[PDB]
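Undergrad: Use the sequences and the hints to build the structure in full.
Protein chains: 2
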Amino acid sequence: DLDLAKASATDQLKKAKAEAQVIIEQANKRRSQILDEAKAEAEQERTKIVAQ
Amino acid sequence: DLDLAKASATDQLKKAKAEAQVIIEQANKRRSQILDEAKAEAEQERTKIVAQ
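Residue numbers (the authors' numbering), protein chains in the order written: chain Y, 53 to 104; chain X, 53 to 104.
Everything labelled a hint here was simulated from the structure, so no lab data went into it. Do not take every clue at face value.
Claimed, not checked - List time: in silico BS3-like cross-link candidates among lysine-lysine, alpha-carbon distance up to 30 angstroms:
| id | chain 1 | residue 1 | chain 2 | residue 2 |
| --- | --- | --- | --- | --- |
| 1 | Y | 66 | X | 66 |
| 2 | Y | 58 | X | 66 |
| 3 | X | 67 | Y | 66 |
| 4 | X | 100 | Y | 100 |
| 5 | Y | 69 | X | 69 |
| 6 | X | 58 | Y | 91 |
| 7 | Y | 58 | Y | 69 |
| 8 | Y | 69 | X | 66 |
| 9 | Y | 58 | X | 58 |
TA: Right, dumping it as structure tokens:
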């Protein structure tokens, strides 16, 4: 029981500790996606308005 | 010990999901801000050029 306690505690904690940070960086990938898309369409909007 | 390991891992995952969601919402609010700034600047430019 003590051996499986050590094994399962380390397994659970380290696996979740990896996936949480990984998802947070994935959220930063979506953040950069959204921010650059907003920038690109803001300047396309400006250019279209002035061309108009 | 398994109770503790399971609980800690799953609540770590929950923390990651909540943090990712608020990261994306901050991106969305920033999107609105930059897009409205572009819209205002473009309208100002257009009105002054047409009067000229």
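Undergrad: A separate judgement is required for each hint: does it hold in the structure or not?
TA: Right, here's what the structure says about each hint:
no. : hint            : in the structure
1   : Y:66 <-> X:66   : 15 angstroms, holds
2   : Y:58 <-> X:66   : 23 angstroms, holds
3   : X:67 <-> Y:66   : 15 angstroms, holds
4   : X:100 <-> Y:100 : 16 angstroms, holds
5   : Y:69 <-> X:69   : 13 angstroms, holds
6   : X:58 <-> Y:91   : 42 angstroms, violated
7   : Y:58 <-> Y:69   : 16 angstroms, holds
8   : Y:69 <-> X:66   : 12 angstroms, holds
9   : Y:58 <-> X:58   : 13 angstroms, holds
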